[PDB]
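What follows is the residue order along each chain.
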Amino acid sequence: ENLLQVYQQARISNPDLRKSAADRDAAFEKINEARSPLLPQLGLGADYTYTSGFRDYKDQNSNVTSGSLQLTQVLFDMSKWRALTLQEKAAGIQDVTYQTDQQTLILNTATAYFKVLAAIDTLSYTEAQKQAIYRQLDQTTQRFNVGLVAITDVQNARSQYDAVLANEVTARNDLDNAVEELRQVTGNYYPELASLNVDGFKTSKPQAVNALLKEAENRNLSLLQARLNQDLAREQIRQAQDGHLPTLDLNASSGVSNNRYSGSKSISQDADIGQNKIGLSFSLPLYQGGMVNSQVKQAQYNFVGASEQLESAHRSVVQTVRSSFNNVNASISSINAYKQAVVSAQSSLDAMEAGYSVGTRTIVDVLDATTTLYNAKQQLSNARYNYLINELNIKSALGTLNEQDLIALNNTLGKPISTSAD
Amino acid sequence: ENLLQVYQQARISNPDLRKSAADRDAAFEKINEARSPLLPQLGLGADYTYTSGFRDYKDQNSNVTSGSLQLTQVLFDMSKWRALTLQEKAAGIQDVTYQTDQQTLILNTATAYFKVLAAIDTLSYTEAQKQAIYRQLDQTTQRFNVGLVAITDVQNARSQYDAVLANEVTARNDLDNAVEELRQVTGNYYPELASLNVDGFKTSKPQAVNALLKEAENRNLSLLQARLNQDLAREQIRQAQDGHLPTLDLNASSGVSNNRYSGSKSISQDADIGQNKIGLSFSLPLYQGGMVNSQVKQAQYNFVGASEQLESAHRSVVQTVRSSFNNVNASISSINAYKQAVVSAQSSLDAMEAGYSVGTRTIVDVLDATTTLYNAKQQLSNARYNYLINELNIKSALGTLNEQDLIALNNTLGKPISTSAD
Amino acid sequence: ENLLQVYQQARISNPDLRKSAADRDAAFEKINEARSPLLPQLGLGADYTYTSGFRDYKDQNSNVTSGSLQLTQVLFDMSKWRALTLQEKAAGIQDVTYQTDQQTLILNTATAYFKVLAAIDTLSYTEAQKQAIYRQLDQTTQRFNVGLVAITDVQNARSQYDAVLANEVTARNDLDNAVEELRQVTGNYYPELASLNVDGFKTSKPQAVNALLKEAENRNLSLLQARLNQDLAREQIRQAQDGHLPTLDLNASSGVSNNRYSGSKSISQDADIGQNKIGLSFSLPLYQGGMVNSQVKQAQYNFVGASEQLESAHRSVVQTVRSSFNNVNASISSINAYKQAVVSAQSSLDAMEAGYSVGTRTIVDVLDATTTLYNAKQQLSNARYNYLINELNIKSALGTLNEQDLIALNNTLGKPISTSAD
Amino acid sequence: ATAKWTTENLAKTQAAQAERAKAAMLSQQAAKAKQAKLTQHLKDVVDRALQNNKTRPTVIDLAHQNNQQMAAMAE
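Protein chains in written order, with PDB author numbering: chain B, 1 to 422; chain C, 1 to 422; chain A, 1 to 422; chain D, 77 to 151.
Here chain B stands alone, though its shape is the one from the complex:
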């Protein structure tokens, strides 16, 4: 119906966002799985054994029934604290990816909607071109049936008309596919969409590219992901060089046992045993074969790789920001150029009609001028829609693409128009 309602339906139903949100929540919950090993771990065990000896122990059999309640707590284990911190950072990265997916949905919805609008305009101008060429063909056919013109003009007009008929077929198919893609994005079939208001259509120059680059370096999401991955690589170095450190544990236990010795040579006696241990274990790896040093060096190389990914992301951001700036400026210049071209092509079409009436020109020239005029109109329409999409591409490069940027567009739109290819 318009761009806001389309985007709201999409945001509510689009499954890609809901999957990205699922991933975000899965990471933010895995934080707790990573924190768990630091919390007291209680377990229970129970054993039943029947031991029988066969060498200097013949006829010395035993029946043991034991049950233990083991507890374990970690007083000092830095590898697990680093794992918890690593998981927090990974959750942050997932949140940034979710933001990127929100922006991707906004941009895809806008692009699909305007693709449908562009396809409606293309079909409308293909039909107008067909009507114009058919008008010329009918005029020539009449002037021939009367005897004021030869069959050459009739045949030429017919050939041009048939070519335009094939273009109409292509345009109808493209419109149908544009509507199918829009429904894939949103989830609904839209028979009427708000159309662009070409009368109240304004082209504003984007702000200086230096301000765009500053805001992009500060806000762009492909950079936040890279900075967070760099921090993650630093924390991975720290986790790696935390293997030299010792660990403490507070293993406690409450055990009970029932021993029943049953054998002819069984000298031992039955027992009902109990125990309550409160232990404290300390571990300190001294030499691991160079495993820890190698892990630390690998982590340092991974940090170098992450820094280089950050530089690559910065270069891609700069490139895309400047490209979008140039593309908007070019779309403005193109809108103005095509407006002039459309005006001059209408003038030239009138000139060809006059010349053909006075005999200075031919009919192939008239039909070529008609084709030129309607190609200029199609190019102007596409230029407007590409200007809108390029504004959106800038706002995406800065990472500041949100619903208000769609409210602006929805304000640029106007009366509804049907998406049916009829």
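Check each hint, because a few of them may be wrong.
Stated by the list, open to error - DSSO-like mimics (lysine-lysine), calculated; alpha carbons at most 27 Å apart, straight line:
#, chain 1, residue 1, chain 2, residue 2
1, C, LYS19, D, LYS119
2, C, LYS89, C, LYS30
3, B, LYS89, A, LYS277
4, A, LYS130, D, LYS88
5, D, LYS130, C, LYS115
6, D, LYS88, B, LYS115
7, D, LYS113, B, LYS30
8, D, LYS98, A, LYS205
9, D, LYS88, B, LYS89
10, D, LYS130, C, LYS30
11, C, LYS19, C, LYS130
12, B, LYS214, B, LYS202
13, D, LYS98, A, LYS214
The hints are simulated quantities; they were obtained by calculation from the structure and are not laboratory data.
Once you have looked at the hints, place chains C, A and D on chain B.
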């Protein structure tokens, strides 16, 4: 030689299929590795130790030589049964991926074969345009050397001829590259391929899009993979919330030992001991720090993500089915339109030749009409081949693409034609 | 400034290469982590326990404080030797990937340089076309203001002129974006680049395709990666069927303990214990439930998959080598064809100007001839640049792309030219 | 040559699309290489994790025989 024989060599030799089959079989064998932990694990161990004391134990040395034969069986461990079931589901998913790869091979074979045929047609039409323009150029050169025309026509004809020459170069290159891609797909160089029978070429409208969508929902493979991934996520939830459960074990052992105490203060005596234990161990975790709850919540979020992937696959299937329907209908309409265009272009070309003979027109018009005619012919051929590929694309969307769909085509084909660019 | 200096800045600053080098070094360092298990693994431990009995042991409490220095060495463990060898092969594969990335950088730098040059030429020929059409338009406007021509020609010239202005806008934008992408590749903004020397431009036929295919099979990197992956899969089979084998260990230990028994019913006495063990452990799995057999079969299927990947890589290499050969030959033929087309188009433009002066032709024909001429010039330029890129693509297929292949080009270049779109 | 110029430019754009396909194939080769590197990395990591930890006498067999030696020790 034709499409069936080409497809047979491809299916027999194509390495992508054989790799996908290797992956399928590897998964169906990993099923057994996943089932193994539920079977009796039998192991053997042997130790030799020399113990020496140095605090309240001086001169109390020992030489122990022990050997044990341990056996283990799992009477209750649901995590391992769930792992086995997960591996069965993963094997099913691999089988579906293999089916998708079979269909992909069929589609690629047909697409490459028709690409070769289309390239042959394009080269033939470019050569026919070259010959037509060369005839016109020779007529003008003769009529000029005799004096019935000026050099303007000769020079215009020469320019058009040179343009056509450049197009011929491009077309030959395209044909050679198309034959090279066909060889990449199949594995053989085909100097003769069965050509399309344009005389007995029929275009049948595809069945209603509702029937296509029903059969697609029922058979399409991008949906079977998604449904199987959803079931896999459900079983992963079950596996995760199967950590609260206890486990039972049937640890058995047959051990023997020889202790030799040798020391001045060695009060103990030598011994040759044996033992046969038949144990039963029971394990039950009561608390782990929210590990299992966190895993279950993560599995639930992954199941949500899998459901959203299923919805995304449903939308993609609907979109592609409707797109293929529209593309077939458009290709039919385009075949008809381009037939009419070719007939009208031939008429207009005759009209231009007549007019040039009577002086009403010029030669640039004649050569433009020739170009138009042969462009229309090329477009008609491309429309036929695209109609065939679009029929295949529908049959692929429904997941019902098999050898019989190629038998239909191979019946659509006809006399052989050479793939050499000469 | 030229291609060598550009490539040097790129090679020194390009972050993709530095990341690939980081990955290479990380693998070559992980070799040591993989070698670490084989080396001795010294470790320390210390425990403090307070045991208290409550069933047949009331008032029998103990306080034990122990400290151990454990050492471990691996005398026979083939799984770990196979892991070390696997890591070494993975390091080799990473080195080959680094080489592929070097070639990719060379190719991308050259492609960006020549894309910028092509854009500059395209904007030069669009400006030239604009100036030519403006001269024709001004001449017609003057001859009209004097009264020697009608307004029809003025309006047609205006329409053509406006169309060229819109093309000029597009060309300026394309040049700006080409500069942005070149800066993304290298890292600097180049206001002046060495231009192509079209006077001393030669096209040499590449060597026979059989020699190309031999050199590719021997040197191409997509094949070295595939062969190394095949060897890696074979070594994985070996690692898998090395699970049937036993393992030996040299477990040594130096332990000390202090037991303090404190209880009313505590019959035992305090102790200050020491021990020095030098053990030798032997492990041998006899049955695991088809685990090892299943792993071996999975590894064999993975080796089959790797062999099929190798065959796929061989087919891709053959295809790309022959394609690059055909593309170079086609670019040569296209250079020649477009040279002849430019000559013929200039002749035809002069012919149209003469005819228009004598009235045989019209002005739309003159402007069409101008457009044709300058399109031919653009096509010739693009053909030259594509010939250079296709030479580079051959040299990439053979895997012999290095700095000397760039020295050849840099010698093919000439005087500098400005990249500013003004 | 406009009737021919349009089709010429369209065939040129098709050749450029084929070049784009080749570039996309190089991209997919890069991505597949990265996936293979990740696979071999996880492979080596899992082999290391399940080798060293288990090579130390953590088997129930070895512990059981050591327990027999400790049992013999007190007699």
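Going through the hints against the structure:
Taking the CA atoms of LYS19/C and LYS119/D, the gap is about 19 Å. The hint holds against a cut of 27 Å. The suggested pairing of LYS89/C with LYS30/C holds, with an alpha-carbon distance near 11 Å, which does not exceed 27 Å. For the hint pairing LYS89/B with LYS277/A, the CA-to-CA distance comes to about 45 Å; that exceeds 27 Å, so the pair is violated. Between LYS130/A and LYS88/D the CA atoms are separated by roughly 23 Å; this keeps the pair inside 27 Å, and the hint holds.
Note on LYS130/D and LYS115/C: the hinted pairing is violated, with a Cα-Cα distance of about 57 Å set against a maximum of 27 Å. Proximity of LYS88/D to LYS115/B is assessed by CA-CA distance (about 25 Å); at most 27 Å being required, the pair is judged to hold. Proximity of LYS113/D to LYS30/B is assessed by CA-CA distance (about 26 Å); at most 27 Å being required, the pair is judged to hold. Distance hint between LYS98/D and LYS205/A is fulfilled; the C-alpha atoms sit about 23 Å from each other, no more than 27 Å.
At most 27 Å may separate the alpha-carbon atoms for a hinted pair to count; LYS88/D and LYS89/B exceed this at roughly 49 Å. In summary, the hint linking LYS130/D to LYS30/C is supported, as the alpha carbons are separated by about 22 Å, within the 27 Å threshold. Annotation: proposed proximity of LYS19/C to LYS130/C is violated, straight-line Cα distance about 46 Å (limit 27 Å). A distance of roughly 26 Å separates the Cα atoms of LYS214/B and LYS202/B; the hinted pair therefore holds under the 27 Å criterion.
Taking the CA atoms of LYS98/D and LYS214/A, the gap is near 22 Å; set against the 27 Å cutoff, the hint holds.
Checked against the numbered hints given earlier, the structure breaks hints 3, 5, 9 and 11 and satisfies all the rest.
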